[PDB]
Amino acid sequence: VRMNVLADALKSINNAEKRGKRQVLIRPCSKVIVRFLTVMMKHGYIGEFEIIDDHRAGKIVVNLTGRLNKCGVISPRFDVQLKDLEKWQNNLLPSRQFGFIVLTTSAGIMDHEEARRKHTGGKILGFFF
Amino acid sequence: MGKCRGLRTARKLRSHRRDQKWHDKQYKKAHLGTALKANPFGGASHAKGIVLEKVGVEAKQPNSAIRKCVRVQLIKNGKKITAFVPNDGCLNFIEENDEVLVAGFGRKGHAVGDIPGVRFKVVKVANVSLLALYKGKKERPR
Amino acid sequence: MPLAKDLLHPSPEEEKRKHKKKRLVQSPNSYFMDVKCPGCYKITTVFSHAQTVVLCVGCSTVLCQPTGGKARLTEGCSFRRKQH
Amino acid sequence: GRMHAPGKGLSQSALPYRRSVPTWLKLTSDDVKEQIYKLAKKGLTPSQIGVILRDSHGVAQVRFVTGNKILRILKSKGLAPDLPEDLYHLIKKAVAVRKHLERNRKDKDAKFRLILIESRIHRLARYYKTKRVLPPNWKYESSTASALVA
RNA sequence: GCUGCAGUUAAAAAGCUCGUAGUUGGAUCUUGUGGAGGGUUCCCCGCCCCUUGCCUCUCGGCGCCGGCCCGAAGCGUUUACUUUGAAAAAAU
RNA sequence: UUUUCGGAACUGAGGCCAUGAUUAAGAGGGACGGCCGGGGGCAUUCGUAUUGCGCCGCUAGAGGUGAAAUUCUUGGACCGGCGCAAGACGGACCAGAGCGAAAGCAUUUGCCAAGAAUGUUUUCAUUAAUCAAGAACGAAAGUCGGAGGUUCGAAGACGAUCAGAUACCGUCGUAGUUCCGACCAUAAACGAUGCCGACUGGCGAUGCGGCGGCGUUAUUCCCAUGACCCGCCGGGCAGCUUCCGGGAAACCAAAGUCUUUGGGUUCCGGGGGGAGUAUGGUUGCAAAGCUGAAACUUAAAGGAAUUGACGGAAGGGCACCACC
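Protein chains in written order, with the working numbering: chain A, 1 to 129; chain B, 1 to 142; chain C, 1 to 84; chain D, 1 to 150.
No lab work stands behind these hints: they were computed from the structure. Just so it is clear, CB atoms sit at the ideal spot from N, CA and C, and this is done for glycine as well. Mixed in with the good hints, there may be bad ones.
Calculated cross-link-like contacts (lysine-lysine; reagent style BS3-like; alpha-carbon spacing at most 30 angstroms) [claimed, not checked]:
no.	chain 1	residue 1	chain 2	residue 2
1	C	70	A	21
2	B	68	B	108
3	C	36	A	18
4	D	69	C	22
5	A	83	D	42
6	A	59	C	36
7	C	21	D	106
8	C	20	A	21
9	B	21	A	87
10	A	59	D	42
11	D	77	C	70
12	A	11	C	16
So the derived label-pair ranges between C-beta atoms look like this [to be verified]:
no.	chain 1	residue 1	chain 2	residue 2	range
13	B	108	A	66	46 to 52 angstroms
14	B	2	A	116	49 to 55 angstroms
15	A	8	C	57	52 to 58 angstroms
16	C	69	A	8	30 to 36 angstroms
17	B	10	D	67	30 to 36 angstroms
18	A	8	D	92	37 to 43 angstroms
19	D	72	C	57	52 to 58 angstroms
Here are some, though not all, of the chain B residues that point toward chain A, as calculated from beta-carbon distances under 10 angstroms [to be verified]:
no.	residue
20	12
21	15
22	17
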């Protein structure tokens, strides 16, 4: 089994970062995982990543720095309504000055600072800081 | 954790908690109500009775004293309680076969101090408080 | 790990000695071979882990004895890749 | 892991990336069809058929030289069996267990093992009947086991 | 103790397995360019095949010079979800 | 009267569609191959011992204990030799080895069905995980009905020891121990550690399969093959090692990835007693099992670790206030 793909991915990157590894191996790839890691890269918590291709489900290899501290999954996937947002944002972030809870909306996957500017809630996926 | 965290598991949570709340000690007295039924009070703060006879109770070890209680039967439930007399020499201000007003000790069903079997004290002997008898703000009406 | 790992590119053949599904891209390690034993001049093609007796239609008609691993040959002749 | 044993193992086959290999193959699509039809006549069933093709001929898989597979090829004829070979092999097995149990009645170990294989029939059946590959009136029984094995 | 507990020895995992309900369930089916709003690519019209998917038309306006063009009419397999409206007695 | 138009239904043959099938899981099921194991059932072979019996020989004590005695004995025991019968049982080889869902499972050979791991460019295409109800198996003791009855042995009867001794010890001995057919569902049924999945150090072994190899050895010089040597890949029982991390600590590569709290799911706990009792239900022939309170009482009960003291514990050493 592996009922949550996203949940198994992030624990690897958490464990790896602690030891100090700067290359990892994450499987299986999913499109959901790609856009996740895209957001995590833009802000600058991780570096460029390579998708190896198979004909099964792919595998991914990542280049990372010590900048990452902790990325989590939130299971099950709750709804957020842009007043429920603030209650969430307190609990998952160590500060008001940094960290980004991530979520998916009908306007696509993005961080919370961006979602508030689209004025649309949606389903929450994970978090990080 | 160690428990389900589905998004459709509201039933299995809300029925489980409603069951495991019954093992709690406080809850099990409150909600069975057998506490009230067993109590010589109806659950009222005080109660009124009529004196039967003075008694003395010898305190639990290591302390040794005689604690000068009374024994009283109640009006509103017709059953008997052994009740402490506070201050010094207020045994004398109680006279047998009169009414008194009783009240719990202050530990809610459990004997207080070194005296065993006594969960009650006494406040009024004839509409005149033990305080005012002792201090001298009032006097026993004979 | 020494923390110097390279997972972008595989190791020369230390990647190709691991279990077949722990390789970066999966592959079998089995192969075919084009066999022509004496006296029946035809290009027969046979799988390395055949599982079964393979026949020839000439004078010869036995070529394998089944084994759990690679099947034993009845006469030690002919190995090809072939090609890919 | 195994559905009624504790073990956890690996022996799963792994295919190559490239599927146009090995690029010398004798015979082409139409030829492969008649090669298959001959085998199904002789009492072979789709798993056996592909083995006997792969081992002694240039075919790796019929998937990689046609748009079909072994079962679909037989199905286009109407020469496909009436129920999956998978389902059959479970039912085929459980009769022999019941025979051993009649011949020896102190074998509690056998009695236990029958319950496993029995439940494994019902589970497999509950796949097929929802996919309409069996009658929805069909049910497994002692009686139906007798008739389908002989 | 949902947020937020605990189960080797402090209270505590059914002797063990099977099994219907319940709960939970792998991957897979789309990206770049001029104008407009904000940077130096990136987020209302369009373009490569698509772009609010279609037609068919006909009745009641808008046009241009009988003839022709485009808004309103059926809808995109269904839900949840999210966002906006409508709708809500007072006192507190 | 007749078409047309419009609406509807049913029937044939033909054009036009890149004319229609996602991938095949380091998910599962199923086939195939060579093996493997105190796995299970049935049948069969064998060994020695023990007790009793028969036969032969030798003569005075034999058993047993801390010390004794009950008890046994010139028709001779005990002991030695030879033969016979019965039932029980598989020693040494047998280990931080194997197999089994758990409880469990060691003489030979045959038969009957079953299973794991590994190998696989075969097949199926999500068929899964965990689980109220319900179901199978489940030591020892016990109950019912038969068979059998050596050995050991609750009960029981004696002999000692002790102030006493219904006990420890010795002798005798019933139920039982054994098998067959029915019940009974409990255990420190203990790794006192749910099941499934992912990730994160090192090293050497050992059991099973597969792969590679310079070396030796066994037979026809061989090949096929076995034994040993060296290394690799799976999955299994374990060990050693340490500033991964955890923990109250003991300790643990999981009891880790946890206030930086959320992988999936079942069962279960809430101070110590009262109590697995009361009570009603349900199951059982019986014995009992499961489900299972309250009144009332009390400020401690308990875990780990440290320092002392003590020991009819172990190892060193010493004294005529100790002994020889």
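**chain A contact restraint on residue 12 of chain B - CB to CB distance below 10 angstroms** = Violated. Min distance 14 angstroms.
**Message:** I want to verify a distance hint. Is the separation of the beta carbons of residue 8 of chain A and residue 92 of chain D within 37 to 43 angstroms?
**Reply:** With a Cβ separation near 39 angstroms, residue 8 of chain A and residue 92 of chain D satisfy 37 to 43 angstroms, so the hint holds.
**Request:** Given the range 46 to 52 angstroms, decide if the beta-carbon distance of residue 108 of chain B to residue 66 of chain A lies inside it.
**Result:** 58 angstroms, violated
**Hint check for residue 57 of chain C and residue 72 of chain D - Cβ pair distance inside 52 to 58 angstroms** = 30 angstroms, violated
**Message:** Holds or violated: the 52 to 58 angstroms window for the beta-carbon distance between residue 8 of chain A and residue 57 of chain C?
**Reply:** 54 angstroms, holds
**Prompt:** Is the Cα-Cα distance between residue 68 of chain B and residue 108 of chain B 30 angstroms or less?
**Reply:** Status holds; Cα separation ~21 angstroms.
**Satisfaction of hint between residue 36 of chain C and residue 59 of chain A, Cα-Cα up to 30 angstroms** = Violated, at about 42 angstroms.
**Prompt:** Are the Cα positions of residue 70 of chain C and residue 21 of chain A separated by 30 angstroms at most?
**Reply:** 40 angstroms, violated
**Message:** Next pair to validate is residue 59 of chain A with residue 42 of chain D; report whether the Cα-Cα distance is within 30 angstroms.
**Reply:** 44 angstroms, violated
**Asked** Has the given pair, residue 83 of chain A with residue 42 of chain D, been kept, meaning a C-alpha gap of at most 30 angstroms?
**Response** 72 angstroms, violated
**Message:** Next pair to validate is residue 21 of chain B with residue 87 of chain A; report whether the Cα-Cα distance is within 30 angstroms.
**Reply:** It holds: about 28 angstroms lies between the C-alpha atoms, which stays within 30 angstroms.
**Asked** Per the hint of 30 to 36 angstroms, is the separation of the Cβ atoms of residue 69 of chain C and residue 8 of chain A within bounds?
**Response** With Cβ atoms ~35 angstroms apart, the hint holds.
In this structure, the earlier hints numbered 1, 3, 5, 6, 7, 10, 11, 13, 14, 17, 19, 20, 21 and 22 are contradicted, and the remaining ones agree with it.
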